[PDB]
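Excluded from the complex is one protein chain; the other protein chains are retained at their positions.
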């Protein structure tokens, strides 16, 4: 299949929301390929809408998945290394799926020379 | 369990508050699967509010837990690597669960050229960037 | 036990102050569980007060503990790796227990293009 | 193939859009070598515009691919190290292919001395920095 | 030793000034335990002031010590890893003991779009954030 | 050879553009040495021009090279370590060859205390 | 060689310009020891100016050298680790030799709360910080 289908568009959003990679999604029988989905993502606002939301939902699912990957890692060198890679990939990706929620968090206390006020000279 | 059940939702919040992760909670007897919990969250504001509070408590619980995971790590290479992964995952997650409390902390002493004042020159716009 | 007790609240602050994790604290006979303590932390300002101070005191204790963990590490691969993890966990936690004191420290010399003045155009 | 051929250029854009890297594409049958592609880019605006669009699509494709590379890594030390290298290279590249979407994300809570307001003192210039 | 004893406190300050850590100092003959030292600090301003000075001196001493720990490390894997841990711990601690002297140092050349001036557009508040 | 030659200057830019290190370039028969090239880079604006452009072109070539180095690494510990070093060196260098294009990318959401407005007091 | 000798100083500048490090240069036949070179630098402005130029050239030379060190690394664990150390040392040094050219490069897209404008509230000073 490779034609626009609202019912598969929905079906797509559901699997994504559950955390499943789009690759592992389209790889399903009767489903549009990645390329087609990205094509639709440029010809269906009604889709781009259900996709952005599904992406934030997918992130929330992945957030819980990282605890399981870390905690249930097989205590073998290569397996722990693989688990670390799976977790690091997800952490990095979550920040891009929902920046406001999963991006880095820093509090910067801004002070001037020697802890005094910030000194500025203007021209 | 597919239908929204307040009593089970309440239990979920209590377990999360104590530091347990959602996927682990959903494996307990009589608990809805994760997909179902997210669905409940999506359609029940009462649960969302209580879950947000549970998330704050969960972070405070994990903050104490990371000391235990590190200190009690079996002194075996792979076991220490796994303990490190479990701690790093929690550290990262804590900052997102409560950014104000658990985000990074930096004090930046801001100075200018050669340790003097910060030198700023303002000029009229040279291009149409408005 | 699981009722409010000012005497155990104090007892709690003491162990914390010495650097002991709350987990290893409540784990003591007759002591309230973590959950209860966090509950109290929302029903006793008189407690929230003695707890915030105890947390800064606990940090000061942990600060000295990291030198001992590093310097007395058994010179074996896994043991040194464990010692590093114990130290890294404490360093990260100290910044959160007392941000002004244990957070990162940076001095930024701010200059403009080519070392000249910072150039700004406003609209 | 040395002469600019729109049909081959179009194919290149489609392959890149799907996530394939340029050097790998140039190894396919009938494809121009990399140097030639860069030359085509240099002298054909039509190709440059379509290639820029293909780059955006390529990044979206690699973003999904990194999950697969990590999750399907053979659990062997060297194989995991290679998977990690393949993922780190893609992460770095994604930020450059689409900075807005894939660059780092940070929220900075800015406060001043002791958690109060940011203290700023302005003074007349003390040196000729204009 | 539980009662506050100025002479012992003075000794503690001298030892710390030379670079020794508090827990190691407290293991010496006749020294109060760490908990006791913190208690003394809490209730004797004279000791707190002298201890703060001792902390500055301690940092200057550790700054020289890190070169020695690195340079004299036994060339054995675990021994080098331990030396690295001892040095990293000291580096981190130095910045906190004397932020002005030992914090990170960065020079940021600040420029605007395309290397030109920093472009700023000011607008009236669009939301009630005051 | 060690005299100014526009034809070798061009020849130089070509190899660079293809991604080849200047070292591996001058190392070619009849070609000026590195030192001489850097000398020319201070006596031929017509050269400094064709060189800056060639450097940005070289970066674009290297950008594609890193995917090949990573993906085709021999799955052996030392070989993967070498591949990682080759890639890391190139990533670092690309940012310097074309800063606007290959430098780090960060989006900073700037907010004030507790997520409110940034509080500033001036004197 | 202890006395300042322009011809030897000139040679030093040429060697450094080509990428050689000072300690290695000082091991060559007839060269002054490092301490002596620093002494010459201290008291001869002519040498300092030429040495500063040589430093810029040295950095441009090392920039090309790092590709070679990485690409030609013997594929042996310790040899690759040493190559990595040699490259990391040069990267760090390059930024200091020519900060403008070799320092880190970052583009920061600055936005405010929720992706909107940066919200700033100014207030009268509440403490004597002038």
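Which chain is which? They are A, B, C, D, E, F and G, in the order written, and residues in each are numbered from 1.
Convention: a residue touches a chain if its C-beta (ideal position, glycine included) is under 8 Å from a C-beta of that chain, and two chains touch if they have at least 3 such contacts.
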item	value
Sole contact to the chain not displayed, among G:44, G:53 or G:105	G:105
Residue in contact with the excluded chain [from G:5, G:8, G:81 or G:125]	G:81
Chain E, residues in touch with the chain not shown (by the definition above)	17-18, 57, 60-61, 63-71, 73, 75-77, 79-81, 83-84, 87, 91, 101-102, 104-115, 118-127, 129-130
Positions on chain F where the hidden chain makes contact	99-100, 103, 117
Chain C, residues in touch with the chain not shown (by the definition above)	107, 109, 123
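In the analysis below, only the chains that are shown with their structure count from here on.
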item	value
Winner on C-beta contact pairs when C-D is weighed against D-F	D-F
Separation of mean Cα positions, chain B and chain A [Å, integer]	15
Rounded Å distance between chain A and chain G, as computed from the means of their C-alpha atoms	39
Chain G residues counted as touching two or more neighbouring chains	100, 107, 109, 113-115, 119, 121, 123, 125-127, 129-130
